[PDB]
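In structure tokens, the next block holds one chain alone, the form deposited without the ligand.
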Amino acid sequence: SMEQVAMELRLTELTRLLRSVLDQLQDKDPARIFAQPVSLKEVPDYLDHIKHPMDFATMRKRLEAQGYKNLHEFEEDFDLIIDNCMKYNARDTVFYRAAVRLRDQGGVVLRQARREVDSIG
């Protein structure tokens, strides 16, 4: 139908905007701490601690399959990256501190993304 196509064009445009948001968030991780999944070869107990692991490559795969229907879903995955790290790693670690900085800096980007998504519909 024509409606399905219009819906698909909106999803494609949301995907465009989320790709730009993802790129901007990932620039706030210059150490690439959150770039890839935590390795189960190197942290064999990880899934005993963290039930829903997340990282920027896994988000990018979902994104390019147009798997985020709305900004809320995308933010849920970003929040998992941060929140998983702040539980697994202690406060005094480069990892925890990297998450805090990513959270704080990403807040600004996500604030304007919400306005853009609402604004453009």
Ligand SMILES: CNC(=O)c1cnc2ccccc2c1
Given for the second form:
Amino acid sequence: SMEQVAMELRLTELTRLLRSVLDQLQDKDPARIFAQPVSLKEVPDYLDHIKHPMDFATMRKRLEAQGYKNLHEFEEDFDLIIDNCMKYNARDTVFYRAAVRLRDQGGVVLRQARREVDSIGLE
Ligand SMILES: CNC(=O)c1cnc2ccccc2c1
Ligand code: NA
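Could you present the same protein in the form deposited with the ligand bound, rather than the form deposited without the ligand shown above?
Let's see the whole complex now, leading with the same chain.
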């Protein structure tokens, strides 16, 4: 149907927007602390602590499969990256402090993204 194609065009352009947001958020992680899943070889007990791991690479995989239906789903995954880190790592660590900075600096990007999604009506 024509309607289904229209919907797919919308999802595709949401995906385009979210890819830009993702790239912008990842730029705020030059240390690349959040680039890849926390290694169970480097951190054997991680999954005992964190029930839903997340990282930028995993987000990108879902993104490219057009697995984010709206900005809220994307934001949920971004929040997981931050929140997991602030629980697994203590306040005084380079890890925790990196999450705080990512959350603060990411907020600006997500604030405008929300306005753009609403504006262009991508969901
Ligand atoms: C977001 N990353 C982490 O939370 C983290 C924590 N500890 C680690 C220890 C050794 C190697 C990697 C680690 C990663
Ligand atoms: Na903690």
